[PDB]
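Colleague: One-letter residues, chain by chain:
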Amino acid sequence: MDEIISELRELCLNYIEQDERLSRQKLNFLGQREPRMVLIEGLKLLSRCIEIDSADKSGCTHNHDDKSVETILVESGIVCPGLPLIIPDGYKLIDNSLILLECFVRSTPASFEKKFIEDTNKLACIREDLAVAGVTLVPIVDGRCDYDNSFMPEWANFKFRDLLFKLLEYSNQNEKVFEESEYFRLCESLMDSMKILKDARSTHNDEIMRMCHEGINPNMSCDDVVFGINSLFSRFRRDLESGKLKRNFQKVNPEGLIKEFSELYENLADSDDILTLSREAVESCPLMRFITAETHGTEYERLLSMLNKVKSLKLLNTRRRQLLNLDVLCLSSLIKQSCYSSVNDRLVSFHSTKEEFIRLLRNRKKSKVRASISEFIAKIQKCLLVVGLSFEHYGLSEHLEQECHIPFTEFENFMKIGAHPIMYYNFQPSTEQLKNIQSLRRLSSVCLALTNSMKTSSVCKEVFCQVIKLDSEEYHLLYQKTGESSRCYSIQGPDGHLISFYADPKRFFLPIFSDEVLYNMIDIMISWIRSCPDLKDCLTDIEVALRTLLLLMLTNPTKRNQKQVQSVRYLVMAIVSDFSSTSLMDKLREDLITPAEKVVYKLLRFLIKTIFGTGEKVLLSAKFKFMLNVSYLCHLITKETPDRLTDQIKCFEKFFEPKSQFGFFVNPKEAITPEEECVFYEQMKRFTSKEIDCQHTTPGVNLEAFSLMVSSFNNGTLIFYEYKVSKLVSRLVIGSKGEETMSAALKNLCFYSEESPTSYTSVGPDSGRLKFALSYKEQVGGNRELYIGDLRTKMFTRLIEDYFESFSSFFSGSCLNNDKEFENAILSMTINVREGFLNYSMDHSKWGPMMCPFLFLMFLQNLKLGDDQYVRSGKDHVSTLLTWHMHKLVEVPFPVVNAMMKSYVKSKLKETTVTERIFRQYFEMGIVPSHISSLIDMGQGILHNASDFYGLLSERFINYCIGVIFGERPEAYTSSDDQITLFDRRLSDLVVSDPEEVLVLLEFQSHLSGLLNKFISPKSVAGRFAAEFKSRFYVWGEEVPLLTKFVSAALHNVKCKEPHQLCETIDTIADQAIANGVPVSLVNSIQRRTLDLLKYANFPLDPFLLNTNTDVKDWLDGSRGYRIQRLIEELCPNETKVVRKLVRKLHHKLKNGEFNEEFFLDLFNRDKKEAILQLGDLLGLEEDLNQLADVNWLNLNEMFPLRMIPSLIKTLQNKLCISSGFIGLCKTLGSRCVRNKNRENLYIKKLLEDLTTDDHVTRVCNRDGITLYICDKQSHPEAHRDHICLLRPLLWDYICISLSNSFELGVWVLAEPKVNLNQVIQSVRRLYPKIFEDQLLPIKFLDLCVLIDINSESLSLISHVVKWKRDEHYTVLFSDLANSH
Amino acid sequence: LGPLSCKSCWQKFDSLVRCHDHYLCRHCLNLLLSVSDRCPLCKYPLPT
Ligand SMILES: [Mn+2]
Ligand SMILES: [Zn+2]
Ligand SMILES: [Zn+2]
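Chain order of the listed sequences is D and W. Residues 2 to 1382 in our numbering are what the first sequence lists, from first letter to last. Residues 623 to 670 in our numbering are what the second sequence lists, from first letter to last.
It cannot be assumed that every hint is accurate.
Below, a list of computed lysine-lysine pairs in the DSBU-like style, where the Cα atoms sit at most 30 Å apart [stated by the list, open to error]:
| hint | chain 1 | residue 1 | chain 2 | residue 2 |
| --- | --- | --- | --- | --- |
| 1 | W | 665 | D | 27 |
| 2 | D | 1031 | D | 564 |
| 3 | D | 537 | W | 665 |
Which bits of chain D does chain W cover? Going by a derived footprint, with three or more residues having C-beta under 8 Å, they are [said to hold, decoys possible]:
| hint | segment |
| --- | --- |
| 4 | 533-542 |
| 5 | 835-843 |
Hint data in this document are derived by calculation from the structure and do not stem from the laboratory. No residue lacks a Cβ here, since even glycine has one placed at the ideal position from N, Cα and C.
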């Protein structure tokens, strides 16, 4: 009883630190006896201990007296009336800032994250008030996963907490009982199916658990199911000749399909037939392709770099004028003693001024101040001020060059300088294909529309003239708006030539260097189709058409041009196929505007008539390959979502359409009101009442076939001015959308965690009701839905999505994440296709909104799995997390509701209203929607494993219905959205013997699926010759390569990172490509493009940047190590020749009985470069200092990484827009990025000029500058500034690699031309970095390889196989395996 | 051989002639042999 109290009394003053702030509470605690008082005092003490400890540790003075924020501001004498009332744990007041500290200790990760976000928002709310008050906030939180502190040792706090724990149960025995606040105290702060919660389930989990058993008969016999099936068919087939529809499934006549395609859009696209007409119309469609095919024909240009470099520091309209006199002056001492666009003296900012607004800004800015003497007061003072940004941050040599031009000015000369040069169609030659120069002009009219987001604010002749370089002669741009939005551009040449158009820069990155890769892609393709029947003059016609198509797609990129050319895969796979949905041609028709988007259609139809025309089925494999690749040609457009709001409205619409036709119940409450119960009554009643002739697309499952499925599984037979007003009147949402989204008050931040699971009803776990929120993902064709919820709900969902995963791991048909199953699926599909049996490559439609958690609940609470205490419970946790999901609450996104309210008020104050807008009208006549909750949800990707489980079993049942009726069991597969069905021989001889019966089979397999929730899409086929399981097509035998799928992916994703990693992503994606049939000569050109990008950023090309640009198909059997070693074995051709027999000797005498630790001593990393010399002397023969000292490459991250602790350590630590990334990588990598031995910052220019010019250093290039061909022993006035310390020898970095490459991939890597846990352990085998690599956790030669990997911090060779997944099966050409080294 | 149709008509159940690795018709063979010498499919010289 009181013994624990006495123990606490003797512990507090005798084992805890005695501080003044602690003493006040300690006396009160030890002086009280009543158990409730003892507990509250002890809790307060334990709270204040952590409070003061964390406050002192952060340096923030603790708020002992509970002073408010306004109190904190006023105690220093500052009056700030009006601020939210908060009590930070610690506070630091300085002259012009404020620091507020919040601390809290949580055990469960979920509540910890919730408290973290809550406190961050609470601190950030008053940011603007602090800013306008003249101060600023320093954000800081203290989230500690323990109660350790200065004032108490570990054992003291442990025993103290345990004593309060025991006293808490002792009090709980007495009348001190607390309902669930006791639970928060005791069980919180002291996964895998927490059953510790109570059970408040009553009179609602009886309706829900009753509808799942009313009507179903889940135990029918093994021959009362056959007699059930044979009375479900033949009650369909007898109602097919007059009743419902002819199966949606019709045979294919290829000519019929082609004519039906040709007759599409019988409005305006009307059969423009001849080629020459089509090309003549193409070469005039947009305004751009009307230039791209047109057949036309440094003292300055560096003063600008200086005048521009000192501009980012300041920006003012009173400036930028005398910043332009400095430039107009220079354009009077270079033509007078002798570009310029006619009114322009190109100013600093890519700006373009007029030579008459200058030379008139002065003479008022000057007359305001002896006019001739009035100059050289600002034309010299300005020079001195600009040179004031001198060697400050290394003001380079450009300072004395201008001291000659600028003072060379006068007023007898400045009264006519702009008065001297006072001079203020090309048609579409259409012969120009098979000509590089017509794409080699897009590749430079984009690089001058792309550089163009890289302008700045800069607040007629105000037009941001970029420059279009090209061979010699150059033409401009002219526009008026910067940033990344749209603007109306121009072009200028020597004549005017206003070729206006309207584009967006972000869409135009693909052709930025790529003139020899596109023109070779579209030249490989036409080497597939040297098909006989075409040898007549159609090959040139096809080539011109295909070229004029790629030009149109690149020049006029837009969403319609993507969806269109994407759809041409289904049509071709139907022309080669053998059955096809009747409603196909409504799945190809878009709406077309913008005559480019029509000529694309005309080209497509012409191409299809030409290839798939007469004489067909003589080479059909090659034409199929050609055309599927032309279908994938749609990746050349970027996937970057045209608009934001007009692509959020669309995703909400695609969510909310089916709910319109089923039921929705806007904005439920936290406690399910009777109306919600009534609406769920009605929906669960409609869901399970779908008669045997259904409306064929509506959600429902029929309780007469469903009974058969479940009862056949339980039984053992199936196993093994206007703007402002019109916006303020639409600012009424504030008047409508509320729809809202004693306890130890102080100690809430303390030990006691406020929110946590307790008694859980059937609706929600008592913390909330599984809230969510939706946003769109980004894809090529259409934007997929995405559901994202807070972390606690993301933790509950994992239990269901894991239980079902393991449960379906027992059954062997699904392939979603069972990767090993995919290989078997591929093997079986290939064996099938090789022979000619049908493949009903189906693809289900509306798999998101037509599946409901109610359905999995029905399917689970009816199965009869095994014994109790492990199965009888457990499933009573999935079957009560699913009930939670059934009542989820997605949230109508704020932009969408704002837009709908705006539209409503506009229309009402002042039709074509879509369905999901009339509902907004109904409700905004009353209350605005904010949350939608309905049965048919299956958040797309949330339960993407439960859905796979259900799909797998349903497909295992329907392929039994078909087996018992027709006589054959066809196997199947699944991914949770796609499928396949490989009918066997007996049902494939029938398609040639009788098609009218296999038509019924495909009519019925799509009718049962209707009687369940599975609706087959019109895009399915059944072909005796292709396949498409998860986008891996097949022809008879081999597989369609999809070249254009991988080229379009390598060319994108040049992400803003350190270039030594940007050039690692690409060296992965290139092996990804060569896995399939992208020929090697194209991969080289992709790599050359990437290097040209970097070289345009002005980044020195050190020999480890990007792989060899001379490759054998040797991307087999080589890691990233072999590419780089084969590079450095060609960059220094004959030095490498000894350092590759020294390594042979080293490997000879390291593996059996020598080295293994003393190699590390000779690795000598402790000191400087004579290790190569001593190691050559150790076991070899003459090796001069020439190999060692001479070859040396400049290395930017030699001492510290370059800004924006080894590598493999960071990677293991990592196991616990795209055209606005480049426009930034070209900005950081030019400024102060490299770092010195003292945390200093330099430029790459000041450092890359001295290493070649201002020393006895020889630096000539071989396409990549291997600077300082000597650095003789680095015997030198070393460490000049950095350019000598910062460059490491080459022929050593070759040794460590050409050894690491020799245990990892073989011994041949020297002759004359596994996983995370392991790596952590053999990093542990030297324990110095473990102090940093351990606390973040909450074989034969591997030691050598990991050791050589740690030092070489640029390069992979172990940390590769544990960072990027390689591939297993390669298909490679046979004209690349003959040219091998 | 393996399957039973022109590896290139993708049709024509059975009347074809044997290549080195696939089947080809009377036809099929004419319209290829009139353009080139190799079997553009099996990378071998066509039959005669
Ligand atoms: Mn599919
Ligand atoms: Zn044939
Ligand atoms: Zn052949």
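Colleague: For a C-alpha distance cap of 30 Å, please report whether residue 1031 of chain D and residue 564 of chain D respect it.
Modeller: 19 Å, holds
Colleague: Tell me if the straight-line CA distance from residue 537 of chain D to residue 665 of chain W falls inside 30 Å.
Modeller: 23 Å, holds
Colleague: Just to be careful, I want the Cα atoms of residue 665 of chain W and residue 27 of chain D compared with a cutoff of 30 Å; is the pair within it?
Modeller: Not satisfied, since the Cα-Cα distance of roughly 93 Å exceeds 30 Å.
Colleague: Does the segment 835-843 of chain D contain three or more residues whose Cβ lies closer than 8 Å to a Cβ of chain W?
Modeller: Answer holds; 3 residues pass the 8 Å Cβ test.
Colleague: For the segment 533-542 of chain D, do at least 3 residues have a Cβ located nearer than 8 Å to some Cβ of chain W?
Modeller: With 3 residues closer than 8 Å to chain W, the segment 533-542 of chain D meets the three-residue bar; holds.
Against the hints set out earlier in the document, a violation occurs for number 1 only.
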